[PDB]
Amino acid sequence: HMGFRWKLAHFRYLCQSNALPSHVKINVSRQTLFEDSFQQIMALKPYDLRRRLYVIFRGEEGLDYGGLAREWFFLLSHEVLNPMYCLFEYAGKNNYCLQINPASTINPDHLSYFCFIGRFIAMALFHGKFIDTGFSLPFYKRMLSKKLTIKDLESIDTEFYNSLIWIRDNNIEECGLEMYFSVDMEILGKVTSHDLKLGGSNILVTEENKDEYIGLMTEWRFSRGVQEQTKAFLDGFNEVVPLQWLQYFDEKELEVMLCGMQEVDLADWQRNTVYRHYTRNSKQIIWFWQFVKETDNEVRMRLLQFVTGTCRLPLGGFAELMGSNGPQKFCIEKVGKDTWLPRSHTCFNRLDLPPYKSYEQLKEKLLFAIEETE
């Protein structure tokens, strides 16, 4: 968003100064890639991954170049991320980035594999290698130890989000009663209970606490069924790249560091945008497009994650954007008044754009929302 270039160079320098001598060799077959990569990497010390890397596919091919590193991180990235291994699964369907599968527990060694994946993604970052990862912004928030907001919820469970929203800005009734600081959970035949805090199953939710309740229910919704997995992943990543080295980045910057910056096709974007209470002839829309045309590609990318929840576009361009209902094109809807700030609903690839009075005001308001979002 701003001094991102500086933060990036700073990270690069940090990795360079921490580089370790000698090297590590990785011998894997083009179709046993996942399993052998796992065995070899886990048999090495985590700091060994900070040494030079020599990946020799014993599909016993070419001669030389970190093009194989790039291919490896690319390939393995799709294998580890492939839901066929039961570690990760897909989000809002038939879409694409991914989520830690609560049922990974089937594999009794899933935690060993999550540690491996964490080491591998930290390794990619340490060597400035890009991966086709599908991690969500909130997962990145977790990596950075940034508290999840109720907005983050909106992009994961619209139903859960709607109930917590009501509980928030609204006093308990005509729809509300007794709720406690516990959750009476999922997957297992027991009919049991989980406390959100010490003795929580006995603490009634009131019109004074409810704010902590909301906080605790949000975090629980994100890590439910995946706490162990998440911890295993972060511990592995941390041994290779200390999470502290990332403290200056926000979740949107972290995503870009892993997938890489890409150019946005403005014509594809414009012809595949839909509108609500706005038209291509609305002055606000004419200004919106003039604004996207004028700014940096980095601003464009931040705007995409603000609205869609990611900087990555599916194969096929904007015409293929998906929601949790199937087709969900980029949408701009008019709301509130010119004094409001723009807002978004990533689950719907929707931007709420107040009817501003001038280009300058639109520009100023969008930029603030795009960068200052937190």
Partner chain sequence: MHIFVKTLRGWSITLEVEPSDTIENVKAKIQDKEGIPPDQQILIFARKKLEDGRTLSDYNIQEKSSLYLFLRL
Given for the second form:
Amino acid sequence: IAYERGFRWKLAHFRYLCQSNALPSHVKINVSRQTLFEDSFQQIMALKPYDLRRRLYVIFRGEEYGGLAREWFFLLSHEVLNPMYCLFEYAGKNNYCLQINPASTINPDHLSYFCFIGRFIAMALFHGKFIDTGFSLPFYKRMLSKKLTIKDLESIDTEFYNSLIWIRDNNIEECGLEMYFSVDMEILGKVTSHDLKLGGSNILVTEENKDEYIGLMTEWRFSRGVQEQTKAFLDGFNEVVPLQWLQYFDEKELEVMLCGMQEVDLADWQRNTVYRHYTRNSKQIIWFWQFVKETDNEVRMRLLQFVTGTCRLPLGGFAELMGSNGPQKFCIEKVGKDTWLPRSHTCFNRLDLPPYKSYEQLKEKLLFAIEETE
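Switching from the form solved without its partner chain: structure of the form solved in complex with its partner chain?
Partners and other molecules have been left off, which leaves just the chain.
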């Protein structure tokens, strides 16, 4: 089983853009192993952005291959995205998922650091070096200026999402709810108010501003307390790799571009998958693992991204799969009818697999869902 999205075509064109705009000579990066973040910050920020397109020449002081350019990209990526430094924070518990911290304002120069992180990530992509970022697919969708959706929201804040769904489905007027088009935000003990609409203390009614309310809350939640940080990141990035160059890609392709391919082991996956309203003896589950068997690694990764929200596997295999609520193994649940398309909840690493009537039907439906969605 294969499926071409034109990904090879996209990758080849993106790489050609980078290489055909390479600049001569080099940039020298002189750092200490124990002062890597600060040394790299200072030196990279003192350089012009286009210098970063020169070949890269890294020196670890007191030691002695790019090569250790690779070591630098590795070590520095893990340091700048370490929640220890208040710029990024783990999403839900951990999940190997990282997002911008609203309390980054704790450091008055946080925007200078986000500019540098933007440059640094762009540098990695430009030079074809892979990074272990934990950026979510909605973060990548933002880099691509793609519409963020309410399913995107479920991936970011499950209970917030669930509350908006409850509003959506229930008659709020019969319940007698009092809600207004305004939202407060507390960061580091400071409260700031935001009207979602001009003069937003202005009541939510069953309809049809509750739909309008829900969409405004959705859009507001994605950038909650991180607008300036996100702009600083994107601006720094754009200085090195124009964001427009990324428009070959969707958010899942971008994730692969940046973080690299992983070999997905079938045996490890099957052994660590749990079921709801299915067992390993359900014919849909047997078909599922037959599907996974026939398919190449690129389709496996795209299936992983669909269900878990990332192509990247935890150290320790599928047995150590995290969900936004703590450790949660890959899960497949029976829902709906053979008519339905497959769906997923990335926060729970959960595939909703309808009870399809044949192997071929399952193959066709699932391939459509993982290749033409989110």
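Note that the rigid core is defined as the largest set of C-alphas that superpose within 1.5 Å between two forms. Residue numbers count along the first chain shown, from 1.
Comparing C-alpha positions between the two forms after a rigid core fit, one residue in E89, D268, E212, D109 moves 2 angstroms or more. It is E212. A displacement of 2 angstroms or greater separates the C-alpha positions of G200 between the two forms, with the rigid core held in common.
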